[PDB]
Structure formats: structure tokens, C-alpha cells
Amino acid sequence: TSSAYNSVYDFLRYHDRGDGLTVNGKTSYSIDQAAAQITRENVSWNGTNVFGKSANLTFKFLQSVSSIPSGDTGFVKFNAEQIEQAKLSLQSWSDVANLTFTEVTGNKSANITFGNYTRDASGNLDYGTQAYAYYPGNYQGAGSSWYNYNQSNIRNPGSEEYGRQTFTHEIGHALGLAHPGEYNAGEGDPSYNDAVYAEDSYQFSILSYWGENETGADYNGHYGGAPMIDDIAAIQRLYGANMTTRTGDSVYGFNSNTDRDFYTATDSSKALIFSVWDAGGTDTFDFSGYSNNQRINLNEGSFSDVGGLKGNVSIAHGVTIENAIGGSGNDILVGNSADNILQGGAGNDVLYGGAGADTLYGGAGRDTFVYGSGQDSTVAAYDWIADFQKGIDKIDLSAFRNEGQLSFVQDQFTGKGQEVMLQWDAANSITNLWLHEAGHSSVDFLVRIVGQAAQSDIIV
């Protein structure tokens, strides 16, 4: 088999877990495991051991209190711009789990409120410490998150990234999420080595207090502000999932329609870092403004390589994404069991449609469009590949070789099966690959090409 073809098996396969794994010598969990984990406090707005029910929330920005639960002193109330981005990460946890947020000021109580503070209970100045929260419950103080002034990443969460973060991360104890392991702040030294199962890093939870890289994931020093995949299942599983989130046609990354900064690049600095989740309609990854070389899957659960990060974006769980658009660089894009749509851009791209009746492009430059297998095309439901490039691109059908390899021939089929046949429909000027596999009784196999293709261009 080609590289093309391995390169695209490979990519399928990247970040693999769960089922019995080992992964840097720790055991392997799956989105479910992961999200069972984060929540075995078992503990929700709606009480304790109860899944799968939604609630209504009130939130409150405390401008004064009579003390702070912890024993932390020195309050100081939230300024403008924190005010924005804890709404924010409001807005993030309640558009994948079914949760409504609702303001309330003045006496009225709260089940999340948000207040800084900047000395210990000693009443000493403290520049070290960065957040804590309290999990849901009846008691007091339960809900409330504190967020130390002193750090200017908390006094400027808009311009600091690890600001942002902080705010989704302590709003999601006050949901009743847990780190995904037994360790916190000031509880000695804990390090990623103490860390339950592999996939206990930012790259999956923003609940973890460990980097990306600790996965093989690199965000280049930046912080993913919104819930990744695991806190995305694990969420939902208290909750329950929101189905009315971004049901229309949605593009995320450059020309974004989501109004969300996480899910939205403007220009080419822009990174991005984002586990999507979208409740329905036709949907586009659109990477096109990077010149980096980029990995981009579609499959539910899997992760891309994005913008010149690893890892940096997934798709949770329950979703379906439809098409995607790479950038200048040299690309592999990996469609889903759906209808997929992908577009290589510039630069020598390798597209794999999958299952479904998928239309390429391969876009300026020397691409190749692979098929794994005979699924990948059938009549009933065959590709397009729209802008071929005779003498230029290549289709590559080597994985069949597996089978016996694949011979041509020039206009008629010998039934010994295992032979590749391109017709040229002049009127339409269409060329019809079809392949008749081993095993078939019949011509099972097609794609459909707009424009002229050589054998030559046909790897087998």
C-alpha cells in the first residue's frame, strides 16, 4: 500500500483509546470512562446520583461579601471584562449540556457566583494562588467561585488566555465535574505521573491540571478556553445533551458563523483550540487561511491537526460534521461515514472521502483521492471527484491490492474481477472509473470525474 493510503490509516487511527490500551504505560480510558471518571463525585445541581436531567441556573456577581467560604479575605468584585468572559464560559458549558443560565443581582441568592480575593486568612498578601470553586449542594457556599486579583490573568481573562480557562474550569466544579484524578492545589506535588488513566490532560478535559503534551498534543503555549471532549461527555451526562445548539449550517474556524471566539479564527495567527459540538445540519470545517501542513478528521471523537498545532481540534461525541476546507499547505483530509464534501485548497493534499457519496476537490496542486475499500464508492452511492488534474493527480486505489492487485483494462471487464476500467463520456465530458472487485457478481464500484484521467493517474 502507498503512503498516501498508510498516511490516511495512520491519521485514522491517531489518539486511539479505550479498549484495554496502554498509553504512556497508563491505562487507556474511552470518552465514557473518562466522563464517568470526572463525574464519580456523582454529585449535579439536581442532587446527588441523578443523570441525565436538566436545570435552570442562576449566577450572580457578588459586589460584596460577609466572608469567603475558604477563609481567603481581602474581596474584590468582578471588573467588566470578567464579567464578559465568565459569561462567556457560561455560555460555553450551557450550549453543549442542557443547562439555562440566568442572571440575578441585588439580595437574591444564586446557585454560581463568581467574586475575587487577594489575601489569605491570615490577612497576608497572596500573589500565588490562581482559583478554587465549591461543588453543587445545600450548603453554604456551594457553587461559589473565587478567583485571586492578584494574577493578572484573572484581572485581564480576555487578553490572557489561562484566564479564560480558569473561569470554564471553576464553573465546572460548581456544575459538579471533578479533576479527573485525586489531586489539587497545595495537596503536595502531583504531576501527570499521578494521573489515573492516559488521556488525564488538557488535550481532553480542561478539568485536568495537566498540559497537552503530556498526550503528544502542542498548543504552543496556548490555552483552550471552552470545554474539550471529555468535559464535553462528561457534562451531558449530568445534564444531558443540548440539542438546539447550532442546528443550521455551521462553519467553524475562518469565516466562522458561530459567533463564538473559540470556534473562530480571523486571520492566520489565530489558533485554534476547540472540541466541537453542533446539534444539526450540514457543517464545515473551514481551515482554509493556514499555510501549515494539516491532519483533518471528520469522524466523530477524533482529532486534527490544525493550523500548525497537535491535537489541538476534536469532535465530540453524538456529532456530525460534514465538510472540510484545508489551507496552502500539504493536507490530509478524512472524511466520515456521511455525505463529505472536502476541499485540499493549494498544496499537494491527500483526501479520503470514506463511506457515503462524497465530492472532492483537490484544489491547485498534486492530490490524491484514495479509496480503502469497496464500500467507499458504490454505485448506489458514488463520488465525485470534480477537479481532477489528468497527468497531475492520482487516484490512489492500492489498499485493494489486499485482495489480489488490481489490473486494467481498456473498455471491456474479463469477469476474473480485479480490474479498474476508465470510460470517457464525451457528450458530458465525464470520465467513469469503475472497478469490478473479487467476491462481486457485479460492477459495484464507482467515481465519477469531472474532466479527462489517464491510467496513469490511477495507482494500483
The other form holds:
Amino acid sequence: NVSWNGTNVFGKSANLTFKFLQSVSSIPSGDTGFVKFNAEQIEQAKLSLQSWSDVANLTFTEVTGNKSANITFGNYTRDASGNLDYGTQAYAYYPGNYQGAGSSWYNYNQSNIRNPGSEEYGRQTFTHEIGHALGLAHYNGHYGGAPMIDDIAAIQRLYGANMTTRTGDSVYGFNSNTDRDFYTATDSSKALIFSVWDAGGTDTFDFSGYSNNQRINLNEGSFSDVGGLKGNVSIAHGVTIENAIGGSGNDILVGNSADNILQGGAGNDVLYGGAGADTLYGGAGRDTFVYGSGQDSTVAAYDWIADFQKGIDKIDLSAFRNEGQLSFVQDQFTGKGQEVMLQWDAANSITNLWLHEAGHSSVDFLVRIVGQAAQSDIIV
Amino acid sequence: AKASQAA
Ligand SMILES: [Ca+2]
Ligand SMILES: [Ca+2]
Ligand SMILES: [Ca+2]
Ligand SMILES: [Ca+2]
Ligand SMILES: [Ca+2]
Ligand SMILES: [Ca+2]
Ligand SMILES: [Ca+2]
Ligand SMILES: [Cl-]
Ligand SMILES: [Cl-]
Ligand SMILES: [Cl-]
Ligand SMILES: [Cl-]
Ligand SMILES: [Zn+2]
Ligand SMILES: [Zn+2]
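Starting from the form deposited without the partner chain shown above, please give the structure in the form solved in complex with the partner chain.
First the chain shown before, then all remaining chains and molecules of the complex.
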């Protein structure tokens, strides 16, 4: 467990310097044909550095001239024999006090290295190489440009987590306010590959711009299938994301224990708020609002379903079968339990769905619905 | 201590 702070030193921040080498006396690997970073490489390298400082307590300051630096960047083009090397990609040296520690090197004969802003593998390579220079040891043609779930955990173990990042209400995906290219989709042709770090506020996964059937999971540490890819989005350990918006596809939106606002969008969606007081919008289409236990919608913290469509949407209470299939009752409970009732509040046009579970002395489950609902909309 | 990235 090597870091810039030493060996087996955990949770300690670092202030590091970096430098784009303009010349070298030698490359520590023995490769030759040094070429300095071009303008695009410089911009993309800084974006990679930023993606690391976003998640862990690292500060990076550029130095120039003859000043030494913790982390350095340079290209090579030839092997130790002086022959052209068009085959290799990049490498980096771990932190330490030895010559070349923290240095990272990239093959200028690779177009992805020269053009990391338009060839995604180049940006990913920068991020990856920097990870090693910091002490880390280890999708349909696209490459994630920022640290993924395990590396976020690992780098935070070394340097501590950055609790100042995006502490406001943050939106990831379409309509993003992150000012990070890897969290931003500007149109439906853009692929998203990221693991979100977010240190506070009420946040949204906006994947509204895609037509693919998506699976969006708001659980900490969980993976989502977004924009037609699989497992391309995850939520880092230590992060709570609150809201999700699906696209025009037939989606599955899985909430977490927090109070979530879930919007299915068009298409026939499945929405599962989970624990907490959730607000659910199925959107256009034949949507299903799923309840997996009495704890999903207690009276003290009940769900709202804000756009329910009688005769079109469904509410799934089949999970309650495990203690005896629910019986639907018209306007009164018997006291026997395992009963469900739809109660119409004519003054406010709200339907209250009350569910009385066996063994409960009071009716403890409620979902409030803005609109009418029928017995035949309820799956028991 | 050097780590290589795949090409
Ligand atoms: Ca936030
Ligand atoms: Ca949050
Ligand atoms: Ca949808
Ligand atoms: Ca929830
Ligand atoms: Ca829908
Ligand atoms: Ca609907
Ligand atoms: Ca809930
Ligand atoms: Cl050849
Ligand atoms: Cl939950
Ligand atoms: Cl639809
Ligand atoms: Cl509809
Ligand atoms: Zn690696
Ligand atoms: Zn892409």
C-alpha cells in the first residue's frame, strides 16, 4: 500500500506537484525518442487529474522550469535500441524517492495518445497512469475516462475522501450541471461510462435522452444499464443519489432507502421506491409501481404516486402473498388482516390505498395517489 | 516499480 505519504499510511491527504516535461536526459524505462506533451494532451491530462482530486484529498499544482515534480508527463517513440515502437501504449511509476518515481510515459506513435480528447482510450490511459503514479496497484467501443468504483474506494483509502465535491443538488447524465465531460451527455448518441462520487445534496440521474430499455439503480455501490450499455454506470461507496429519470424505453427504476423522486418517462416502466417516502411518476405508458414489503410505504413516511392512470397503470402488491394473498375490500376492513382498500377523497381528488397486514393492530401501510384508481389496477 | 497499460 504505497502512497505519496509513505507505506501503509491511510486516510492522509497530499499536496502534489505535476509537470509536463519539456526535455529529459533519459527515460527511466530505457525507451527513447522523447516528445513533450502537445496542447490537447495537456488539457486532457488536467481533466484526468481533476477527476482524481474530485474524489480524494489530493491537490495538484503545476510546476515548470527545473523544479522537480511528484507526477510528470512525457511521450516516447522508440525503444532502447533506437527502433520505432508503434506497438506499446503507456506506463507509470509508483510513488517513492527513487529516480523516476511518479513519472508517466505514453507512446506518441499511438493516435489515441496524441488525440486523447477525441480518442477515448487516450483519456482513459491518462487517468489510469495517474492512478498508478498516485500509488494504486491492480462497452460497445467506448472507454470510461474517470476513476471507476473500485479505484475511487482505493484512492480514498490512501488519501481520504473529498467531502467538498458537488455538495449541491447535482444532475448526472442529460441536463448535467457537473461541468465534467464524463458525467455529461449532450445528446442520445453520447455513451455514459462513470462511477459517481457526490458528497451532499439532492441529486438526480437524468437518463431521459435515451430510447433504450434501461435499468437504473440508485442503491449505493450498485450498477445501472444505461443508454443501451450494460453496467456502465455505478454509484460509489459512500454516496446517496436521490432521484432518477428514465427515457422513452421500457425502464426499471430502483430507488434506495432515501426519499426518491422517480420518473419513468414514456414507455412501460417499472418503478420501485423501496424504503422511504417516495414520489413516483410513471409517465406516458403502462407503468407498474411495485411494493415489496409493508416497510416500503409506512403511514409515517408514505409514497405518493402523482400521475397514476386508472385502467392503464398497475400497482403491484403481489409480494404480500408471502404472508397470505391480499383480499380487496370495498369500504371497510374486517380486522382479519391481509386486506387492501382504495379510499376516495372526493374533496381533494386523492385515492388513499390502505393495506392492513396481518399481525398489525393498526393499518400501517398507505400509498397516496393523485387521481382515481380501480380495484382492477391493483395486482394482488 | 513500473506498471504497463495495455495497447
Ligand atoms: Ca450533490
Ligand atoms: Ca445526495
Ligand atoms: Ca421509460
Ligand atoms: Ca426510497
Ligand atoms: Ca412510462
Ligand atoms: Ca403511465
Ligand atoms: Ca417507499
Ligand atoms: Cl513492423
Ligand atoms: Cl430500500
Ligand atoms: Cl409510452
Ligand atoms: Cl399513456
Ligand atoms: Zn492499473
Ligand atoms: Zn463515448
